[PDB]
Amino acid sequence: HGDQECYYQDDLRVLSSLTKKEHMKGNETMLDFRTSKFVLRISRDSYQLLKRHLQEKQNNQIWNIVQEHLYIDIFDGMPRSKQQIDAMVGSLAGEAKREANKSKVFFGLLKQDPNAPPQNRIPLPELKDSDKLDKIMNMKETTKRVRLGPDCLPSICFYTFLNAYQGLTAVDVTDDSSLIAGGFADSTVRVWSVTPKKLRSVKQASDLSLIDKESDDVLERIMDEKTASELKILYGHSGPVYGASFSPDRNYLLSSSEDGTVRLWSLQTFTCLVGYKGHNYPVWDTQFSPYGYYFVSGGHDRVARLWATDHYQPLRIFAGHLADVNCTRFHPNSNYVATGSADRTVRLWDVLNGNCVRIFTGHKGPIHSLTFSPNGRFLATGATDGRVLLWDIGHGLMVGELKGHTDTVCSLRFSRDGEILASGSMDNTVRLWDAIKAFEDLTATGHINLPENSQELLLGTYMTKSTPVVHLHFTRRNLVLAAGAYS
Amino acid sequence: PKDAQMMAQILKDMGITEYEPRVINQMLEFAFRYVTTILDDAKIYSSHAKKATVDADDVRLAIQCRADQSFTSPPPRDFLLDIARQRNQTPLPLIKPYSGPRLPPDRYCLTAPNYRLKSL
Amino acid sequence: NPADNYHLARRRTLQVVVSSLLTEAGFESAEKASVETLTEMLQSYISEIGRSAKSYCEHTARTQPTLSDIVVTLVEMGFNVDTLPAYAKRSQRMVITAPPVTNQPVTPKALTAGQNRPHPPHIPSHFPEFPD
Amino acid sequence: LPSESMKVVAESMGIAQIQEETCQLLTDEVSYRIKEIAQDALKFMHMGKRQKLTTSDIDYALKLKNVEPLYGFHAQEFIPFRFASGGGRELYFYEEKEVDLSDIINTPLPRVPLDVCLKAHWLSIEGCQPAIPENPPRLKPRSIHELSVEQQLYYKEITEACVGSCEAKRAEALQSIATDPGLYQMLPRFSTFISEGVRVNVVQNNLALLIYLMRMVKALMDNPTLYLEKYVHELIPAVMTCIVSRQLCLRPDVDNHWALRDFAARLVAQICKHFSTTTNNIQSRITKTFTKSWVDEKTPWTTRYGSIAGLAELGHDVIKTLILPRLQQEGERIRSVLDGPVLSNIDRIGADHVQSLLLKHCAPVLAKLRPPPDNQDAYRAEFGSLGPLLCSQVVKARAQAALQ
Amino acid sequence: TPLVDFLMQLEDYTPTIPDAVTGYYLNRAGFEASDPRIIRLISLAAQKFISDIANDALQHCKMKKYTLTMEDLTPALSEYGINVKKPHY
Amino acid sequence: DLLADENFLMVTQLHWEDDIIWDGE
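Residue numbers (PDB author numbering), protein chains in the order written: chain E, 268 to 378, 417 to 747, 754 to 798; chain I, 13 to 132; chain H, 24 to 155; chain F, 14 to 150, 207 to 473; chain J, 114 to 177, 192 to 216; chain A, 395 to 419.
Hints were generated in silico from the structure; no laboratory data involved. Mixed in with the good hints, there may be bad ones.
Looking from chain F toward chain J, a few residues come up when the C-beta cut is under 10 Å (computed) [what the hints assert, rightly or not]: (1) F91; (2) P93; (3) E109; (4) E111; (5) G140; (6) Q142; (7) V272.
Covered by chain E, according to a simulated footprint, are these stretches of chain F (three or more residues, beta-carbon under 8 Å) [unchecked claim]: (8) 40-51; (9) 143-150; (10) 334-344; (11) 361-368.
A few chain H positions that, by computed beta-carbon distances, are all more than 12 Å from chain I [stated by the list, open to error]: (12) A84; (13) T86; (14) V95; (15) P143.
Idealized CB from N, CA, C, for every residue including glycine.
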């Protein structure tokens, strides 16, 4: 155990405790490690030296262990440099095969784009007249949207939680910067209005029965003014609320917690509507679809479920990870779900057929943040090693590594144009990366040769006063919002 | 203390640098609770076999009969992949266009008239 | 420190409650480990009717628990609920005061009033003003 | 875990004569369960975003492994106590292990802290981090001043507000001095404005000008960001002058404020001897000047009163030793003011203030080192200055101690 | 129905545990303070449980009063099916 | 240690008491 790599140190101390058989018969992570196959991507120039040392009968038993417990995925390339092999390894069942990263992925946006999926591929919901009224005032915000680039650096407005002696575990902001949710360790969700417009519930059923519909202003006549606060507390989780997700129509808050339930809170009645009990284990993340019907929740039981807000049971179970599904993110076309995890892999999952279409390995710690580019062509992932790895989706080969952060990168977001990727970590820093010069260049070998572009891609660091940057949000006029819970 | 200084080395061997001072005190409280329920069951198993000395096979029996009930684990990978392919074969249902607030049947939701007592 | 006073304002209120319940037809000058034992069983008892009466009402599709959800919760903890109207009408019954509030002044800050600069059009008016 | 701790537990339970292989079998099973839980409690620490591993993480890690987080007691029926935890107990090793049951009732409960609120601020304004308190930190060329014109305008506004034309303007300017983080690199110009001001402001004894400057000094001192002991060589002779100087204006009308001018100056003087302290430079130098102000014969009584105020506010040990021997000179000075008829001078007012301060300071010094016995006429061995009234002050101090 | 007639008499009768402390541990478990008389029954049911243990540990102290010990709580909770633990550290 | 920067700050090397205006006239 001493002649192992330094990034396996937390993996070996779980093995030093395992000495008996019955200790391992109830671990369920080393039980799935013993039955699976390590993938072990090696080149054909090095596999010829390996097979000329194993096919002989002088060794004849370590060759039997290799061909029983290890897959070997061979690819043709020029040999990678030690600092290029270091960039793309670090995961159990590491460096997956290129035959997994060759499926056709519809990474384009919906409405021609040849990479775009059809509208009737995934049965997405209709666009209502109130939802069409939202996009009318959304493009008024896009009129004032600034082009950020490397010159016009954005202004960051930090929304710190001051007291927060119950530990803040989850933040979400609506797509228009109007609500901010807070998931806390005292089993509460707290919605704050940030615009000068108090949070109102709709009137009770006796008050709605006396008013008339039709009219012209029934989206204002139903809002109760007797209930109007700058803060609404939501009770009902029996555990710390780890995920928080708004719906794009600004109703329907989502929250997941340690008790194994995902909860759908209304934002018109400010009560709980549904409790989705599919996990028996802590659900570490949830997110609504960007069209607002489906939602994905990943938990401690090493799956991610796809729900639809209409069924008590899920529709898709994404069950290929070997550890906890820490993150679950939808694609901007919502045909693909990216699930980062604690076994140092990021996996894209097609919503049709539930198949894993991409496997992104190369992180050294559990992935704690994912985000997609607004193009849909790229994916930024962050983990506990302080590395932000930028992945292609049509190709799925990494090499672009942003390595400025020190501690766990817990929040990533691209700009509304895509000009800047913002990264927030436990180093109490909000780093800004040039997300245009990072993708400027973009196979038959599976890699593009690692450069060290991190210094060039930095635009600023922005140290925060003792406050870990839990969330990062981009206003539609390209203004960075961040929320932290000052410690 | 003696047993409390070894507890700070079990955590430091697991890389736990920062911890509360009440963390050591209640892992010792769990370790004491775990050994006084192995050895309590060990002399129950020794009296079953009718021997006056609790020897090592009694503790081997009391460990593996307490680990068969107490310390469970998530579902296995061959069990998760069987219930996945049984579930992922069913095609996705279509959506009614104007059904309203899309919810499960009302016996699976938390939307009931939700009564309370009259104050008198 | 107001950080640990979030927990110690309510756990040291439960210590006065057990000290007031062990004096009613009972003790003076108890052992120290016997008081932190009994106030740990008291916090774990309020937290167990919290989790179980919420579970019994939400099983019946409701969100806030009635009386019929607690008299089934206390039955499942073995309480014999009928003896409780006689316990409430003691002559030894006492009331323990609630804990004090950290922000006694509430509004003691004169503040520093400085205004300069406006907002660019990508920042709406409801965000804080640009500083001096 | 060591096996020689597992045999102690076994023989203290009734299970004697256990083999070493039986005892080694116990300490690899329980050391795995500690390792299994501490690896599982690190999951709650990493999703709680606290990198702390609090005491509650093991309560949820135990409940996750279907073991009661109950500690110190185990219920075989489970119905009274389920997987809800009892948050253990407050623990110390150095405890008393026995308390009185009315000691826990009579202690005041701790204050419930403030609820969670959402405040917004600015980390970055178009790339630059602002210095708000929510943020952490051959002809030679024509040179530029090291202050900006916003900084120079700020200095002009703060100094024209600190001369106290309007009180709300002063108070903000004083709070602005008290918490501006960027007030370094402007501090030479503030120290020079203070120092120069007091010296041309005692040419005519303008009390407000001085009371405002002393409040500016106090607002300069409690600012935590700036480095002051490079400038204290200008600050200290300014406060010394305020306390030990004669009053050119009419003393009787404002001598009440003059006592406060000496009250504010002696406060900031002992705060300056509390900070900035190295061996035998600052505190002993002002102590020596105060004592030779006192032992000087035929003083101005304004200066004498100021010197007394300075020597009085120096702390616990200073006053007792310094006053002790003087218990006769003060009385003789009071007797001279009393005998000479001259009432239109300020000597009588100075004498009354000095005697009251000396008496009041004596009462704690007497209350501090000795019992309150014979409080009627024993003080007549100390010339009978405060006597029974001093005894009453000591009794009031004792009542305050009882209230504490 | 006696227990309905009992709870309707709890607008008065402040119990031994405050409702700011009983309501705190109820809010921790999702139980929210809709009716303040509902809190006072839970505060009374938690008093009666602790009082029944301290009244039965007194009988195990008279046979061996004036001090409650862990060797009095041990047989008192043993008929309840609760094995209490000595710190032993 | 006598070469420490503070030793040379003029608060610790100047009889600034003489400056305090004693009855200026």
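So, going through the hints one by one against the coordinates:
1. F91: OK, holds: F91(F) within 10 Å of chain J, min 8 Å.
2. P93: holds, 6 Å
3. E109: violated, 14 Å
4. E111: With Cβ-Cβ at 9 Å, under 10 Å, it holds.
5. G140: Constraint on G140(F) not satisfied, violated at 44 Å.
6. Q142: violated, 39 Å
7. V272: Cβ of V272(F) sits 63 Å from chain J, so the hint is violated.
8. 40-51: holds (count 6)
9. 143-150: holds (count 3)
10. 334-344: Per the Cβ count (0), the hint is violated.
11. 361-368: Three-residue rule not met by the region 361-368 of chain F, so violated; n is 0.
12. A84: Nearest chain I Cβ is 4 Å from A84(H), so the label is violated.
13. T86: The assertion about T86(H) is violated, with a minimum of 6 Å to chain I.
14. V95: Its Cβ never comes within 12 Å of chain I, the nearest being 15 Å, so this holds.
15. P143: holds, 40 Å
In summary, the numbered hints that this structure violates are 3, 5, 6, 7, 10, 11, 12 and 13.
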